[PDB]
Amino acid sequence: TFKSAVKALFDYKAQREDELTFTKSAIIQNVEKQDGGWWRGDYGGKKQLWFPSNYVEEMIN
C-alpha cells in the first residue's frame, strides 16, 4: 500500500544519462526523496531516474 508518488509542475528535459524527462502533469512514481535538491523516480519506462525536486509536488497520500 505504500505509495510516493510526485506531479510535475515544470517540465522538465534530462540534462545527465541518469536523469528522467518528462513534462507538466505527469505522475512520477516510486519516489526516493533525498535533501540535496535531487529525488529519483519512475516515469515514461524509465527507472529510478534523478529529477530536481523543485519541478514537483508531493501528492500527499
Contents of the next structure:
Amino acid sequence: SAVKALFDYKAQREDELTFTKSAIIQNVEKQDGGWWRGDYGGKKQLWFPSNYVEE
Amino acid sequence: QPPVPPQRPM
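Next, report the structure of the form deposited with the partner chain bound; the form deposited without the partner chain has already been given.
Below, the chain from earlier opens the complete complex, with every other chain and molecule after it.
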C-alpha cells in the first residue's frame, strides 16, 4: 500500500508524481511495466517508476 | 547514480 522513495523523482509528463528522496507514497497500485500508480503531493493515483522506491 | 526510469512509449 505505501512505499518510500530512494531518490528524487520529477514528473516528466502530466500523469506522473513528483517527490523527493525519503517521501512516503500512498495507496500504491502495482502493475506490470516498471511503473506503479500512487498518491503523493496532492496528486492521486499517478505514475512513478518502481525502481525509485522501496517498501 | 539514480536508476533510469523504464522509458514510456507514446
